[PDB]
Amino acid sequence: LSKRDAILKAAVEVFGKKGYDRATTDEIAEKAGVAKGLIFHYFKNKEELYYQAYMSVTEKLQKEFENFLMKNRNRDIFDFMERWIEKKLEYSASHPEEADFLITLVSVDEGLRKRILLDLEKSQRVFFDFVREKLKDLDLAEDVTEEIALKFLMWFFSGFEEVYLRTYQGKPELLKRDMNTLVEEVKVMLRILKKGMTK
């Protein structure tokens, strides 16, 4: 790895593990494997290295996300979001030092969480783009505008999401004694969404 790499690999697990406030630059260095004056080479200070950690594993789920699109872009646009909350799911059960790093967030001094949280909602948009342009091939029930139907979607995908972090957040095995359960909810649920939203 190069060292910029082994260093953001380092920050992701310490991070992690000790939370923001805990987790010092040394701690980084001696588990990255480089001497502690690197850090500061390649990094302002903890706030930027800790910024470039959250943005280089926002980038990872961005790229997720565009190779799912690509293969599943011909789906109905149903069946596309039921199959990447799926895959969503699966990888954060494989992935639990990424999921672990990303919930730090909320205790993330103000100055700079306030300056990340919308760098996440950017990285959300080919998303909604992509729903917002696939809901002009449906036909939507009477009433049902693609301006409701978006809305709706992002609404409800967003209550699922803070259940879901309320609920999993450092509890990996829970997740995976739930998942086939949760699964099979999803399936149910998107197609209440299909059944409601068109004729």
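Positions refer to the first chain, counted from 1. First, how it differs from the form deposited in another entry.
- Two rigid parts of the chain turn against one another between the two forms, and the hinge residue out of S123, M154, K136, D26 is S123.
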Second form
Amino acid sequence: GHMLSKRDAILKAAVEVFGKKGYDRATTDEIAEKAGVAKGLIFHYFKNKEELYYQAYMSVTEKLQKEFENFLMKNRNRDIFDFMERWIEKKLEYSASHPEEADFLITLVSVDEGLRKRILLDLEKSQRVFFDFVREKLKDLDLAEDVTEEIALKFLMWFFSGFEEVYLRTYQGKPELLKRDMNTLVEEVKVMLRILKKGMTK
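Let's see the other form, the form deposited in another entry, since the form deposited in one PDB entry is already up.
Chain alone follows, minus partners and molecules.
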């Protein structure tokens, strides 16, 4: 019976403690105890706590990216609002089923600005897949002749990404509550995208 590589064990423990305590409050002593490794092995694979946080972050966002690209490739031809609605439903389900990953991702706010910036630069190339897709699909739309593709794209991304942020924070450490509110959230999201569509297009 094979176990996790020592690297993946550290990363899973990292995802857990960081998510619980936050970056600043978490200790690599604790992450190592939790991983069932000697304090010094964190140093071998990672060098320092900042680098641990960073690889942990890339490792989780890499998982998410694969999910997304599969979804993209299957639902590419959909109407852009239908696309987003469906995608949000899917992220809602991931989050309730992967609460430790969820709690961890939302910790990106509380890290020193230089660490956070590094992550967003190294992440820009992947987040631009969804961004370029929407920008593309917006061309197939009848935009209200006071609304720029720029404003539409801006509004749409901000709805999409702030919604993520709002529920992750509201339901941090409370997965069963998210699950209880799932159906309502999905229906609220539906109407909201229908408001954007209507207000946004001719």
